[PDB]
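Novice: What follows is each chain in one-letter form.
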Amino acid sequence: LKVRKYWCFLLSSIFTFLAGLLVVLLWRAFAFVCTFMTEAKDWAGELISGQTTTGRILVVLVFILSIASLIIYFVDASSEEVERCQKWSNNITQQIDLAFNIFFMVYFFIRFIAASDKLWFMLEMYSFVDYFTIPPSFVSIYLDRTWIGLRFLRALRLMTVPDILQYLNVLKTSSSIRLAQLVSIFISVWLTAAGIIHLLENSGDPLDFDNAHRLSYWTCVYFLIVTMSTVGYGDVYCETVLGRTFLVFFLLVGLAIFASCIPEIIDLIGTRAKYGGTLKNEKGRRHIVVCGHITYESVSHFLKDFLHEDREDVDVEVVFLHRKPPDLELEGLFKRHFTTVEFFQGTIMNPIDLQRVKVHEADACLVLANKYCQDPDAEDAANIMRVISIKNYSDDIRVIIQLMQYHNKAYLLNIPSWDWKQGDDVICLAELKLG
Amino acid sequence: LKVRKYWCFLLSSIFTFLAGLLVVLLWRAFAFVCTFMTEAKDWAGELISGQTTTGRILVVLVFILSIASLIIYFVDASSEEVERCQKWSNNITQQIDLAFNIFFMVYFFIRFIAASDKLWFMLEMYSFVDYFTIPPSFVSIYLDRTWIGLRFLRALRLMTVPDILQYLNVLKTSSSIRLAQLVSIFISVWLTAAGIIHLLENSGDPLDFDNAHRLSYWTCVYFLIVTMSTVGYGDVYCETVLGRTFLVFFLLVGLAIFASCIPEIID
Ligand SMILES: COc1ccc2c3c4n(c2c1)[C@@H](C=C(C)C)OOC(C)(C)C[C@@H]4N1C(=O)[C@@H]2CCCN2C(=O)[C@]1(O)[C@H]3O
Ligand SMILES: COc1ccc2c3c4n(c2c1)[C@@H](C=C(C)C)OOC(C)(C)C[C@@H]4N1C(=O)[C@@H]2CCCN2C(=O)[C@]1(O)[C@H]3O
Ligand SMILES: CC(C)CCC[C@@H](C)[C@H]1CC[C@H]2[C@@H]3CC=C4C[C@@H](O)CC[C@]4(C)[C@H]3CC[C@]12C
Ligand SMILES: CC(C)CCC[C@@H](C)[C@H]1CC[C@H]2[C@@H]3CC=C4C[C@@H](O)CC[C@]4(C)[C@H]3CC[C@]12C
Ligand SMILES: [K+]
Ligand SMILES: [K+]
Ligand SMILES: [K+]
Numbered sequence: 044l045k046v047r048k049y050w051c052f053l054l055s056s057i058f059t060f061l062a063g064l065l066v067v068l069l070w071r072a073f074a075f076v077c106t107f108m109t110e111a112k113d114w115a116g117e118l119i120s121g122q123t124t125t126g127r128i129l130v131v132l133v134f135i136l137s138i139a140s141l142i143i144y145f146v147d148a149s150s151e152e153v154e155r156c157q158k159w160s161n162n163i164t165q166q167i168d169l170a171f172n173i174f175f176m177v178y179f180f181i182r183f184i185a186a187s188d189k190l191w192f193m194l195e196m197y198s199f200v201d202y203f204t205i206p207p208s209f210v211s212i213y214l215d216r217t218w219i220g221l222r223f224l225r226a227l228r229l230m231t232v233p234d235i236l237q238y239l240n241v242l243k244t245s246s247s248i249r250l251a252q253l254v255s256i257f258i259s260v261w262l263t264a265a266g267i268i269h270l271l272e273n274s275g276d277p278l279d280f281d282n283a284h285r286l287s288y289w290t291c292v293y294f295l296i297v298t299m300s301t302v303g304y305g306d307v308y309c310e311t312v313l314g315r316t317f318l319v320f321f322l323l324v325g326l327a328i329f330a331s332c333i334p335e336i337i338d339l340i341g342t343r344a345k346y347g348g349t350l351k352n353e354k355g356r357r358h359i360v361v362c363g364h365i366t367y368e369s370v371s372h373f374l375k376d377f378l379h380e381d382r383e384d385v386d387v388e389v390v391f392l393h394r395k396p397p398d399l400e401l402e403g404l405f406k407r408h409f410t411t412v413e414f415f416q417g418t419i420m421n422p423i424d425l426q427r428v429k430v431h432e433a434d435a436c437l438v439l440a441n442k443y444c445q446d447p448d449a450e451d452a453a454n455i456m457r458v459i460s461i462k463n464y465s466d467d468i469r470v471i472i473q474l475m476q477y478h479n480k481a482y483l484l485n486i487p488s489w490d491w492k493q494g495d496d497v498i499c500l501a502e503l504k505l506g
Numbered sequence: 044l045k046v047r048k049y050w051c052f053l054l055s056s057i058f059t060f061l062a063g064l065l066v067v068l069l070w071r072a073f074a075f076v077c106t107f108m109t110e111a112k113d114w115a116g117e118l119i120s121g122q123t124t125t126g127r128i129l130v131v132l133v134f135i136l137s138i139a140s141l142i143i144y145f146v147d148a149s150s151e152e153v154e155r156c157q158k159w160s161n162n163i164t165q166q167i168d169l170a171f172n173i174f175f176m177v178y179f180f181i182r183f184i185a186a187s188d189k190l191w192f193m194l195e196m197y198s199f200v201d202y203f204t205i206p207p208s209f210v211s212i213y214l215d216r217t218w219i220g221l222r223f224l225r226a227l228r229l230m231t232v233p234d235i236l237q238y239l240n241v242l243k244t245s246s247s248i249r250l251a252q253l254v255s256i257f258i259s260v261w262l263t264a265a266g267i268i269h270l271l272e273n274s275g276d277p278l279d280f281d282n283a284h285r286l287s288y289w290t291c292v293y294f295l296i297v298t299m300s301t302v303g304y305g306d307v308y309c310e311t312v313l314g315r316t317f318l319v320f321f322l323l324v325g326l327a328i329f330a331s332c333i334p335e336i337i338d
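Taken in sequence, the protein lines are chains A and C. If you count by PDB author numbering, then the first sequence holds residues 44 to 77, 106 to 506, one letter each, in order. If you count by PDB author numbering, then the second sequence holds residues 44 to 77, 106 to 338, one letter each, in order.
Just chain A, with the same shape it has in the complex:
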C-alpha cells in the first residue's frame, strides 16, 4: 500500500528477457564444442503463416484475441488508481486476463520454433511486447496487486491486421494493402503512445511519486491528436518530468515516422473513381451508344445537331463511353442534358463495359473519329477494332463509323457480320471531302 512494488512487475519483465536471451545463447555455445526438430520447425512455419486451415483458424484466432485484450485495458485504465491491492478470487478482469496470456504464451513458443534465427527472434518487437505483458500478469497472482505498468503494449497487436489479413487473401489490390498498413500504424501509435503518457503522468516522478497529474486515458488520447495536428491548445499538457521527456521523443520520432511515409501518402490518396455502374432504366424507350473521340467540342457539336428544334421530336437517349474522365467543362455539359445524356467510364474493347451500357439493346453504336490526328492510319485502325469488338458482342447491331481514309473501308467490308443492308454505314471523310 504505502510502499509500491512497481519494480517487481517491471524487474520481472526483464528477467524473462536476459534469461531467455542467455539460455538460447548458451545452448548454441554448447553445441560449438559439444530428426523431428527439422520437421517440427517446418510445421511451425506453416502453422503461423495460415497456409492450412488448422493454421488459418489460428491466425484469425490471434486476430480476434488481439483486439479483445485491449478491451480489458480500457476498463482497467478507467480506474483512477494506477496501483491496486486485491486478491484474484474476487477480481473478474484478472481471471479473464489469465485466459488470454496463457494462449499468447504458447503462441509465442510456436513462433519461436518457426524462427530460423533464434537470437534475432528474441530481439523483435513482437517478442518484447509479450516480455512485458506475460510475466507481470503471472506476478500479479503472486504479488496480489494490480498495476497498469506497460499494459498499453497490447495495442501493438493491431499492426498485424495488414499482415494477418494478407494471409487470408482479403487484401488483393496494392492500394488496399498500403492503406491498411498506413491506417493500422497510425491507430496503434496513437493508442500506444497515449498509454505511455497516461502511465507517466498519473504515476509521477520516480522515488517520490508526489506530483501526480491525474489524467483520464481518453483525455490523453485527445491530448495526442491535438499534439499530432500541431494545434496545441494547452488546456491539457504534461507536467511531470518523465511525461515531458517522452513527449520530446514522441515529437522527434513522430515526424521521422511521418517523413518515411510522405512518398507513399502522396501517391495513394490522390485517386478517385467517379464514373461507373451499369445502365439501368425503364423499358419502352430507345437509346444509342457513342464512343471513339469524346472531347468537349466533339460532344457539344454532336448534341447541338442531334437535339435540334427542326428535327422530328423523338425520344432517343444518348450514352457516351470513354476511357478517360471528363474535365470540368464536359461534366457541366452533361448536367445541362441530364434527362437526355448520360456518361460512363470504360472502353469498347472490354466486353464487361459493353454489357454495362447495354449495347445489345441500343439502336446503333456511333464511333467518332479524331479528324485532327497526326497519323490517320493509326486512328483508322483503332476505330476499326472498335467495330470488331462491338460486332463480337452482338452480330445484330447498327454501327456508324467515321473513316479517315478510303482504302481502310475494305477492311470493314470484309467483316463477316458487317451488312450495309441492315443499317451499317461508313462515312469516309476523305471520300466525302474530295467528292
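Since the hints were derived computationally from the structure, they do not count as laboratory data. We treat Cβ as the ideally placed atom computed from N, Cα and C, and that holds for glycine. Do not rely on the hints blindly, as some may be mistaken.
Stated by the list, open to error - The following label-pair restraints were derived from C-beta to C-beta distances:
hint, chain 1, residue 1, chain 2, residue 2, range
1, C, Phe-257, A, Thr-366, 28 to 36 Å
2, A, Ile-258, C, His-284, 27 to 35 Å
3, A, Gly-348, C, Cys-77, 24 to 32 Å
4, C, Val-292, A, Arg-356, 44 to 52 Å
5, A, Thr-244, C, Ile-296, 32 to 40 Å
6, C, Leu-132, A, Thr-366, 30 to 38 Å
7, A, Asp-386, C, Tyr-197, 24 to 32 Å
8, C, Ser-246, A, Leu-503, 32 to 40 Å
9, A, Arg-356, C, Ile-296, 44 to 52 Å
10, A, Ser-245, C, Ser-246, 29 to 37 Å
11, A, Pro-334, C, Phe-257, 23 to 31 Å
12, C, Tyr-197, A, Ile-258, 27 to 35 Å
13, A, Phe-58, C, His-284, 46 to 54 Å
Stated by the list, open to error - Partial list, computed: chain C residues near chain A (C-beta under 7 Å):
hint, residue
14, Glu-117
15, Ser-120
16, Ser-245
17, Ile-248
18, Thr-298
19, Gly-303
20, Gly-305
21, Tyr-308
22, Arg-315
23, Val-319
24, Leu-322
25, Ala-330
26, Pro-334
Guided by the hints, dock chain C with the ligands onto chain A, whose structure is given.
Specialist: For chain C with the ligands alone, kept in the frame of chain A given last:
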C-alpha cells in the same frame, strides 16, 4: 422546463427516416410478387435541372431560400438558452420558419420523383439534411418548444452554389467552376462544423447536462479557423466530452478532405 424533450425532436427526425425508407422498400417488394408515372418522372427531371424557365425560376428560388434559411439560424443561435418554451402565436421567427420548410418539403418530393433509384435517393446527404430540419419544425408546433437541435445542417445548402449556378450557365470556364466548388465546400464545412461544436458545448454531457460551456456561435466560428490553421491559441477550447470527441473526428476528417483537394489547389 426542468425535463427536456430534446429526444422528441431528435427521435422524430429518424422516424421520418426509417419509415420513409421502409415504405419505398416495401412497395418495391409488393410489385415483386404482385402511363403518367413515366411522364411525371421525366417532367420532374427537367424541373429540378433548370432546363426550362418554369424550372429555371425554381432552382434559383431554392438558391435564394437556401441562404435565407441560414439567417434565421444566426438570430436563433444568438440566444444563450439552447432550449426554449414559447407558443407559436407570439414567436416571429417560428412563423417565418413554417413558410420555408413547407416549400422545401414539397421540393423534396419533386426531387424524389425525378430520382431513378428511390432507395439510393433516400440515402443521399441532401435527403438526410431535410430529414433533420423538416420534421422537428413541425414538432415544435406540437411540443410548443424551441430547440437548436441539428439546425446547422442548413449550411449544407451552400454547396449547391457551384451546381445550381452551373445550371444557369454563369460558370463557363473550368477555372471558375473549380474555385467555386472549393470555396463553397470550405465555407459550408466551416459553418456546419461550428454549429456542431456550438450545440455540443452548450448542451453538455448527456443525461446530466451539468457541465455546460456557454459559448457564442461566432466564438465557435473563430475557434475552428484557429483550429484549421493549426495555430491553437487555447483561449477557446472544447471542455465537454462530446465536444472533444467530435473535435477528434473533425481533425481526422478535415485533413482527409484537405488531402483530396491538394492536387487541385496546386494547379
Ligand atoms: C508534431 O508532432 C507530431 C507527432 C507525431 C505525428 C504523426 C503525424 N504527425 C505528427 C506530428 C503530423 C505531422 C506533421 C504536422 C508534419 O501529421 O498528423 C497526422 C495526423 C497527419 C499524422 C502523422 N503521422 C502520419 O501521417 C503517419 C501515417 C502512418 C502512421 N503515421 C504516423 O504515426 C504519424 O507519423 C504520426 O506519428
Ligand atoms: C488541423 O485540423 C484541420 C481541420 C480541417 C482543415 C481544413 C483545412 N485545414 C484543416 C486543418 C488545413 C490543413 C492543413 C494545415 C494541413 O488548412 O487550412 C485551410 C484553411 C487551408 C483549409 C483546409 N481545407 C481545405 O483546404 C479544403 C479546401 C476546400 C474545402 N477544404 C476544407 O474543408 C479543408 O479540408 C478544411 O477542412
Ligand atoms: C530496451 C528497450 C526495451 C527499453 C527498455 C527500458 C524500459 C522498458 C524500462 C527501463 C526503465 C523503465 C521505467 C522506470 C521507471 C518508471 C516510472 C514508473 O512510475 C512507471 C514505469 C517506468 C516509466 C518504467 C517504464 C519502463 C522503463 C522505461
Ligand atoms: C447515420 C447518420 C445520419 C448519423 C446518425 C446519428 C446522429 C444523427 C444522432 C445519433 C445520436 C444523436 C446525438 C445524441 C445526443 C446528443 C446530445 C444532445 O445534447 C445534443 C444532440 C446530440 C448530440 C445528438 C445529435 C444527433 C446524433 C449524433
Ligand atoms: K502548427
Ligand atoms: K500551434
Ligand atoms: K497554446
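Novice: If a hint holds in the structure, say so; if it does not, say that too.
Specialist: Tested hints:
The hinted window of 28 to 36 Å between C/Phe-257 and A/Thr-366 holds, with their beta carbons roughly 31 Å apart. Between A/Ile-258 and C/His-284 the C-beta distance comes to about 29 Å, which sits within the given range of 27 to 35 Å. The hinted range of 24 to 32 Å is satisfied by A/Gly-348 and C/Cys-77, whose Cβ atoms lie roughly 29 Å apart. At roughly 50 Å, the beta carbons of C/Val-292 and A/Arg-356 sit within the given window of 44 to 52 Å.
Between A/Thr-244 and C/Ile-296 the Cβ separation comes to about 38 Å, which falls inside the hinted range of 32 to 40 Å. C/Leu-132 and A/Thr-366 have their C-beta atoms about 35 Å apart, which keeps the hinted 30 to 38 Å range intact. Range check, A/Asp-386 to C/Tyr-197: about 28 Å between beta-carbon atoms, so the 24 to 32 Å window is met. Range check, C/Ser-246 to A/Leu-503: about 38 Å between beta-carbon atoms, so the 32 to 40 Å window is met.
Between A/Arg-356 and C/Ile-296, the C-beta spacing of about 51 Å keeps the proposed range 44 to 52 Å intact. A/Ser-245 and C/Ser-246 have their C-beta atoms about 34 Å apart, which keeps the hinted 29 to 37 Å range intact. About 28 Å separates the C-beta atoms of A/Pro-334 and C/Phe-257, a value consistent with the hinted range of 23 to 31 Å. Under the hint 27 to 35 Å, the C-beta atoms of C/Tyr-197 and A/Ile-258, about 32 Å apart, fit the expected range.
Between A/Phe-58 and C/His-284, the C-beta spacing of about 49 Å keeps the proposed range 46 to 54 Å intact. For C/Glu-117, the shortest C-beta to C-beta distance to chain A is roughly 5 Å, which falls under 7 Å, so the interface hint holds. Here the hint on C/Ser-120 is kept, as its CB sits about 5 Å from the closest CB of chain A, short of 7 Å. Interface restraint check for C/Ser-245: the shortest CB-CB distance to chain A comes to about 4 Å, inside 7 Å, so the restraint holds.
The interface hint given for C/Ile-248 holds, since its Cβ lies 5 Å from the closest Cβ of chain A, which is under the 7 Å cut-off. For C/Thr-298, the interface hint holds, the least distance from its beta-carbon to any beta-carbon of chain A being 6 Å, beneath 7 Å. Because the smallest distance between the Cβ of C/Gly-303 and any Cβ of chain A comes to about 4 Å, under 7 Å, the interface hint for this residue holds. Of the supplied interface hints, the one on C/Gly-305 holds, with its beta-carbon coming within about 4 Å of a beta-carbon of chain A, less than 7 Å.
Proximity of C/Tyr-308 to chain A holds as hinted, the smallest CB-CB distance being about 5 Å (cut-off 7 Å). Taking 7 Å as the C-beta cut-off, the interface hint given for C/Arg-315 holds, the closest approach to chain A being about 5 Å. Checking C/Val-319 against chain A: minimum C-beta separation of about 5 Å stays under 7 Å; hint holds. For C/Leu-322, the interface hint holds, the least distance from its beta-carbon to any beta-carbon of chain A being 5 Å, beneath 7 Å.
Of the supplied interface hints, the one on C/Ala-330 holds, with its beta-carbon coming within about 5 Å of a beta-carbon of chain A, less than 7 Å. Taking 7 Å as the C-beta cut-off, the interface hint given for C/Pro-334 holds, the closest approach to chain A being about 5 Å.
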